[PDB]
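Missing here is one protein chain; the remaining ones are kept as they sit in the complex.
In order of appearance the chains are A, B, C, D, E, F and G, and numbering begins at 1 in each one.
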Amino acid sequence: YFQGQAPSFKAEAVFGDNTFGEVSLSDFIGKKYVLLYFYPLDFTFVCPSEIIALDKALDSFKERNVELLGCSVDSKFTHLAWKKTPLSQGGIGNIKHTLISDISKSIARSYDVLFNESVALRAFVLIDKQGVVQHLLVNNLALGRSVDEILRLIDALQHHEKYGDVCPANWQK
Amino acid sequence: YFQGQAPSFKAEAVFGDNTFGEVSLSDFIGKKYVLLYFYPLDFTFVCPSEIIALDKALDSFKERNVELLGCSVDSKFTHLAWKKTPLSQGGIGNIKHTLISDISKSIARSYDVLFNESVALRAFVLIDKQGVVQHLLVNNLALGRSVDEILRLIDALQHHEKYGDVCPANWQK
Amino acid sequence: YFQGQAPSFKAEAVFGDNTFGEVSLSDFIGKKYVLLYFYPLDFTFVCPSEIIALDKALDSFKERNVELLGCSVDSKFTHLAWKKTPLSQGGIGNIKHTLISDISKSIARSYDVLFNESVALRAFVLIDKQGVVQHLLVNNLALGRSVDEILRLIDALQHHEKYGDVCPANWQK
Amino acid sequence: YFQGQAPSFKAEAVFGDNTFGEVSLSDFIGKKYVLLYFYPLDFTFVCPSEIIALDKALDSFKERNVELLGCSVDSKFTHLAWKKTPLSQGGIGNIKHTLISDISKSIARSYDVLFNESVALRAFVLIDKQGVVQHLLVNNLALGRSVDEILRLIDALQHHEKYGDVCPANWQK
Amino acid sequence: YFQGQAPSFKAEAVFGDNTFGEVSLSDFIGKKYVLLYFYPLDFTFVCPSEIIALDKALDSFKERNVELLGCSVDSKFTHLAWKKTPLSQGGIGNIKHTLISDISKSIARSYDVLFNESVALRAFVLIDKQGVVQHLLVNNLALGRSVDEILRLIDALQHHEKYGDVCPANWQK
Amino acid sequence: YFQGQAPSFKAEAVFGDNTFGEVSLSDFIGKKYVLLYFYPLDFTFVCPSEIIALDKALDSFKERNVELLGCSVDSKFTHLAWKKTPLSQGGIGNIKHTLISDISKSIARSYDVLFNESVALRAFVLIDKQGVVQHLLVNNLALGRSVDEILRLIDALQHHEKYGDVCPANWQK
Amino acid sequence: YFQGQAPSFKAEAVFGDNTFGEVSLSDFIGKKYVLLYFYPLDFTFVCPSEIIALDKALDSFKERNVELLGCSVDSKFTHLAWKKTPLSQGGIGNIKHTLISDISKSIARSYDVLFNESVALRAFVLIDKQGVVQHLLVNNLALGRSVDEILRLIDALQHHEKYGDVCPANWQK
Partner (left out) sequence: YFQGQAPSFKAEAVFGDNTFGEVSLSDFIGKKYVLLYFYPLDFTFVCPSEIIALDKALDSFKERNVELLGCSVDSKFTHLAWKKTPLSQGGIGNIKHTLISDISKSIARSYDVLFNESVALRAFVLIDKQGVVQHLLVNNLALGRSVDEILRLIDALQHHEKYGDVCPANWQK
């Protein structure tokens, strides 16, 4: 879970292109950091503040070599229809980051974010280039407003990998 | 785990006073936010960068109404002896925040941070005034260097509770 | 399963009105016969020949006191968006019979029609006014083309309840 | 069950000849469609309306390349004695289709038609040339009167295999 | 099993009268000794040497206050048809002792005489007026020829209950 | 149990010689019939009527090619001491048939004659030259007085193996 | 096991009197210390060095208020016969301390001294007046020669209860 590799997955996905494909978490090993996020459902009457805020800050994730992956229990076909629905009609519009489909609910379950065997709870999961979990943000920290905070944690992660931790001055073995 | 209450505990503890007592996570409900952190062991030759950095920033946690709780699998007696050992001799000195004792390893286990049924992995767990988990920081984000980041997440949490999430401008039900 | 009551359910639903509600199979006891049907997913590129054929023959089901219930693993929100998508754009249009939502997949599972813990297989289940299964049609009999056959089975069911079975002429106890 | 092959069996049987043999459901693969039917017991005082009606329509099943298989928990020896009992004395007479014997009750159990670990419930199971279930008719649809309906479903099955389903006119991907 | 009461049962039965009823092993407590016997099947081509030999010696069992109970996995309806079939046509004729029906196979199973979850093995079980097993005869001792031996064991049982065991002359505590 | 081979055993034993050895039930296959008998304990104040009666009739068992095996949960050492105790002092004297020792209670358990995980119940088990159980005599038929009856069953067994069962005169397939 | 009460038992026993009775370990609570010892079997050809050495030192146990209890898997009847066998004939003679009988092997099992579900291993178990285990002596310390050592441990136990442990001179909290 937090000891070694993040739970692996092989899922169906709608790319920025609106073309379908398969995405495995291992595809990003030694290539990109992954910001995997969960949301409950497509097409609801609760505004999709996290998908939109994250997509609005897509270039900030790309500059930091981070692959954004949005995940819900909906099918890839539902994801595509929600992208073909404009924001003015309750849709997400043509977002440019990938939406993965957790139709069997196994992904949500492996990340311990599945609510009453039905929908995923809101969660932000940062995974490093080796496939190791660095953070899990939930509840009042898993909001669209949290984008600025996620990017600061990515900068801290990237800074920590480069320089390591610091020792208290007066401490000695 | 991330759905409702954080795993409950009733543990032995060494207070800032160097006096012993009992601490329950529920003692802080409707009183304080809790920053529960784990570290593997007392008395090792790896500098205690997280205990010291957090204690150096104690006043920043108090101003934000956050109770700092340090936890390892060591006994309260070992915690006390490590506080009575100065930094120059490999100790932590008289830190002013509480060190809880997870002698049965049940706390570490309930937070899924127990490594090979022996020691806890490094972790920072932020819990709100209702006893609900807001974040879990691990691996390269569970360093002493992370203090600035923890406080920014507390400020975001506190800001999010006050104002809620924001909706994309052009989105409509 | 086929001995007494059909598996019970309490599900979310999109009515003919495009209004949301809850539907329990027991709501129809002593009121209506139920033709519960399953299909895999909303929004796919396989034409929805069964939803459309059944809705086109809705008045034939109403005259025979049969409540049509369509079911897939999609949410009620997805069902509503697929109804708000016209046939020319790959939608189902404003169908006048109820679409129930099996978001937890428990309904499909109870009827033994859940394929690889993901989607429901095509199935037509006829249930009497006492809540007892009369038929299960699957595979090459669970097609849109089958509507004429379903109605003939309803007429046979209704005729059998009224008159009972017939005995061979020359047979004697 | 309804996903791939119908439950397989290897049973003792009384043929039209009144000779004994073994019948496996797989014997009919790529040869015949199978109409497997269950009834509770031989020699009862309830007239055998389903065995007799089906045998009276045997030529209609043969013209449609359908093998009729009657099944109860009785032995092949009991089946033979019931065939050697004329209709006027409470028997079935010399029927020309096969009666299989489910002495261990394993067949009934695999088709989920075993009542209180004793006798099979009335059921009509249509199986295609590949050994896949197409329908299950039970309760008020598992009557002798249902013969006309079974044959119409066979005609629909055979028609559906030849031509496939039909798409709604105005629907487009 | 052999410690206290013989396995209890409540079964369907064909009496000497050819009338149907229910028989419980407990009906005979404080009334009769019971000679419960098992055989595999009715209507086979193996002569029913045990049913016939026992019925031919019925008066010898009645004089010794023994109730004869024949048991197989066949239904009461099959038992009745086999009694209505004369010996010359492979039947048992109008036997005057009761044939019980073990349709669920639970009786055979409780006496550990059920062969491959299908038919009962040949067995002679003598039960006393308190419902306690006195003997089990099987294999080459469970033959029709064994009648003379069964009656000698009943005489020994009845003699042993009246007088108890005998002590060796020269033995002393 | 009664289907094929009697439960196998390899036990410690006191022979007629008062010498110790090992006895396996399989040693007698194709050589002797075995009359295995159980009794609760050595050295009690209940006279050993079955050991003594059987030993007094030893020559009758030898003439019929039957190996007598007495069994209790006592050790071979206890068996030997009870044989070295004369009948006048509560012993069995120098009996000439084998006493096997069921120190682990596994033999009694395999024959379903173990009472409250402590001692064996009285039982007479006749086993043929192929190692198959022919009878089990218990309770009021497992007395010392039963010797005459055991020998009559051996004569019937031996007669049945030679000539088989007899068919009723007027019966025909 | 070693935390609170020693495993409880209610066993059959042969007293010094050669009279039979029942012994419960709880009978000695607040009355006597108990030296419970195990040995494999009565009547063997291995001299009973532990029973004899302990009985020869009986008065040393009585002066120290210790109840000696000898235990093996043999019956009380075997124990009595071994006491009625003199030492010159391989017996134990009239020992004056109690021999308990572990016929079900449950006592040996509860003390973890049961060897291959057959006999108890040699063991000396000292139990205090509150029913708490103070020592377990096994293998090369569970010999008849060990009597002097057992009594020294009883003297140490009794001395430790009276005066408690001693603290190192220069040690301070």
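Just so we're on the same page, a contact is a pair of C-beta atoms (placed from the backbone, for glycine too) under 8 Å apart; a residue touches a chain by one contact, two chains touch by 3 or more.
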>> Touching the hidden chain in the complete assembly: which of G:17, G:22, G:27 or G:112 does that?
In response: G:112
> Among the options B:3, B:60, B:85 or B:172, which residue touches the chain absent from this view?
Replying inline: B:85
>> Using the touch definition from the top, which of G:8, G:24 or G:89 touches the missing chain?
In response: G:89
> Can you name the residues of chain B that touch the chain not displayed here?
Replying inline: 41-45, 73-75, 77-78, 80-82, 85, 103-106, 116-119
>> Across the whole complex, list the residues on chain G that are touched by the chain not included here.
In response: 1-3, 45, 47-49, 52-53, 56, 87-90, 112-113, 115, 121, 123, 126, 128, 132-141, 143-146, 148-149, 152-153, 156-157, 159-161, 164-168, 170-173
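The rule is simple: only the chains that are shown with their structure count from here on.
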>> When contacts are scored as defined above, which chain pair ends up with more C-beta pairs, C-D or A-C?
In response: C-D
>> Matching over half of the contact pairs by residue number, can you pick out the copy of the F-G interface from C-D, A-C or A-B?
In response: A-C
> If you average the CA atoms of chain D and of chain E, how many Å lie between those two points?
Replying inline: 37
>> As a quick test, compute the distance in whole Å between the mean CA positions of chain E and chain F.
In response: 25
> Using the average of all C-alpha atoms in each chain as its centre, how far is it in Å between chain A and chain E?
Replying inline: 74
>> For chain E, give me the residues that contact two or more of the other chains.
In response: 45
